[PDB]
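The form solved without the named molecule is given below as one chain in structure tokens.
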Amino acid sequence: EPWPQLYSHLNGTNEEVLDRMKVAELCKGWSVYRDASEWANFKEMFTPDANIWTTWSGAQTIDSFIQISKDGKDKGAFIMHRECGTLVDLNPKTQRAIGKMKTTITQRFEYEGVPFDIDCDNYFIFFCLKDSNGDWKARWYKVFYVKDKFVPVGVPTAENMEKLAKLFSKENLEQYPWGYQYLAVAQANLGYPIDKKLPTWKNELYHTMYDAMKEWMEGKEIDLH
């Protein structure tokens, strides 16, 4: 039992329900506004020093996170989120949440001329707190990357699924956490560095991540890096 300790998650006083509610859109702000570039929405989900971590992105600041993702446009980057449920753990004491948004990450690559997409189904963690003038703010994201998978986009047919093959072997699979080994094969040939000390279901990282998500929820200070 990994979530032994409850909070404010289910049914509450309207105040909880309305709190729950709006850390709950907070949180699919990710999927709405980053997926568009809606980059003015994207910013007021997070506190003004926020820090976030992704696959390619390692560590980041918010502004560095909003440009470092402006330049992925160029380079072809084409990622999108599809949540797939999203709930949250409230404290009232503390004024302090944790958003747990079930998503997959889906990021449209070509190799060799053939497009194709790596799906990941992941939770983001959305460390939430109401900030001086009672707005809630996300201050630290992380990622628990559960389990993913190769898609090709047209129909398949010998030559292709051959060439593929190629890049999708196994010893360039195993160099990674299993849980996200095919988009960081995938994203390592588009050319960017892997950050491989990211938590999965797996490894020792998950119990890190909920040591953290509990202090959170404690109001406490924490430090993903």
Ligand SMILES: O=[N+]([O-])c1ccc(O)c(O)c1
Second form
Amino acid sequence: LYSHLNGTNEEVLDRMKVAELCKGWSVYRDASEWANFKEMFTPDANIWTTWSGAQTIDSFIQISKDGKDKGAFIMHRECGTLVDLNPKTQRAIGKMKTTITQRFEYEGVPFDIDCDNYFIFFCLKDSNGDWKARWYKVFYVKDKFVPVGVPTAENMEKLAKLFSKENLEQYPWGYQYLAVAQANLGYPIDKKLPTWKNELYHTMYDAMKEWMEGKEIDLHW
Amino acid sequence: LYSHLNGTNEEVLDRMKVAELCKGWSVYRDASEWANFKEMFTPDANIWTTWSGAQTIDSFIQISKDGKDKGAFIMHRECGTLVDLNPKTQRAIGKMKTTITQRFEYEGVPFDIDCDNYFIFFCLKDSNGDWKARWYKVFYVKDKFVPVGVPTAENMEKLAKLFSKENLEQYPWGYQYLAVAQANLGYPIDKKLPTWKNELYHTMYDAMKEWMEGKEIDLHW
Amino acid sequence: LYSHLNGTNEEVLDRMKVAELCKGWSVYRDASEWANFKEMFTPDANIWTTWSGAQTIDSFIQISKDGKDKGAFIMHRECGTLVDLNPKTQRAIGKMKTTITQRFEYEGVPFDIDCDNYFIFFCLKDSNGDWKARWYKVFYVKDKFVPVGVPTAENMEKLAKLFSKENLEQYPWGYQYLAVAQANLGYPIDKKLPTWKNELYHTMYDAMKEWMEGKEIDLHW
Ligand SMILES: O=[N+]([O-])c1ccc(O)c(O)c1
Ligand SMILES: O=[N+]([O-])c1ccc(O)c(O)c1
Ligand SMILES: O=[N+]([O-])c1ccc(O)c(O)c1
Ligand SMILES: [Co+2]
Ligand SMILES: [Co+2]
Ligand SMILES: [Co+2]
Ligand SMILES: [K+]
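Okay, that was the form solved without the named molecule. Show me the form deposited with the named molecule bound next.
In what comes next, the whole complex appears, and the chain from above leads the way.
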């Protein structure tokens, strides 16, 4: 019995504010607006990504800065955002569909990997009446290899060596291409993230329900 | 003389609520949140899609469930949503740009078809003061074949047999690739949907004007 | 010390109205809703694009109409929009991530170029209390060639002649593919637009700061 469509004017405005917060990932992180990014989160927020695994908000900002300085090139396309709001507990879940789009190079050939997903922001209204995210985790739905230059036969033969069936199969279906490409860059890959095929899908939805009820959770699996 | 930018605070809030409703297609349908999806619609709403043709909201939910259980894999990326509002008649048109992105397989090779379009939601404010969509139909703008794995020469030769010029030309320009791929799955294809090239473009815009004036319409062509 | 998340109800509503304004580019321009498009702008607004260079809002509308009549086919996918608001000066910056997606043909082979970017709208609240954009310019981040039909070896060999390394290198990294394709259509290309690699990145952020302080600017570089 959450608020998510229509509702009172105050409910609408709360859902607008939570929706903006989520979109800050796409707008602020891609642009390295790190103070604006940090404002989305509680001081003790925890984040998970494929390439970082579990992090605090502050540790995630530091390691992201480090990666960008080394040439990591990740962008997000926001693809539809709505909010489930519980006005009684001052809790909300922001559901922000995105494509993660990361630019890579192998043997001189540029390419993207594009991964469609849901970013899930576990939000609360704090002592100042401000919405903030305490937890962030992602459901990874599907991904693909994306040519950047004209995909001539010779360049695609080289890239096919990296995206072998054996390499893709090491990772959960939903982020296999992204994981292969990030691991080739040297990142550790968190293989215990939710998809739309594995069992962590259900652990995620259970944590979302408990959050909305006002309970404490812990996504450290 | 619709309300669509600026306006009074109540107009802004109405346009926010209608915009959220439209986005429910991308957020709720992709995630099989069927109760949240149904809440977007009047009880007697009618829907059209390429693969379903004309449906009621309830029949569409049932056949979508059936297709997902059989492995149909359709997602949406929301690409820009605004609202035309007539406060005098309590009517609105939600205009939600999207990409329909459906995952397919042919002779063991995965691929997507991505179709850019406008989703048009014909909305009214009901007896409870809630916005709901009574009619939904789409303008199909352009589409493309999307490789998923590295597009090596041999895999693309097999797929080229399915996307022959003769097969594409059976369908309205704007959704030809999507129609070929869905028909190969066994779906009937509705060939009488609006594009940006055919004459139904104008029938659509006429129905939108009459809806905003408070009149009854019927999209059953 | 801008307003961009949370804030007062009036601040939220101002940011909602500015966000809608920006999205009008994607919704209205693609659909040739030219009166709705013009409403986004002050009467004396100035616009820059890769294919038009500097224009007034009225001159841009005329030349866009001309190009569409000749078959130019540009669409936008909106990819995340937020607003920086200064309530003291009645000034705002709308930051709208997009993909510019333009459909082309070379030697009988269709293709898209997709360019990820930030659209920046320099907005003010006018005498009627309405938000309007006085300046519009873009940060071009990355781009790619996009096959439309199945990318068989023979069709990609022809297209590779157009997207030679020497041709791409004529343009700023961030919009090189888009520039090559638009120049092949006969458009002049503005090579002095901001990217995430060139020095105009900093001139842009400086103009945004001065705008928010209530000062006059001039993007005519
Ligand atoms: O913000 N990013 O860079 C992200 C977020 C989630 C991911 O799984 C990822 O690979 C990158
Ligand atoms: O919701 N979907 O699955 C849709 C909606 C419209 C379409 O034309 C379609 O092919 C699929
Ligand atoms: O509106 N458009 O057509 C645009 C806007 C910016 C661009 O740089 C462009 O190439 C096209
Ligand atoms: Co701030
Ligand atoms: Co509900
Ligand atoms: Co108007
Ligand atoms: K979007």
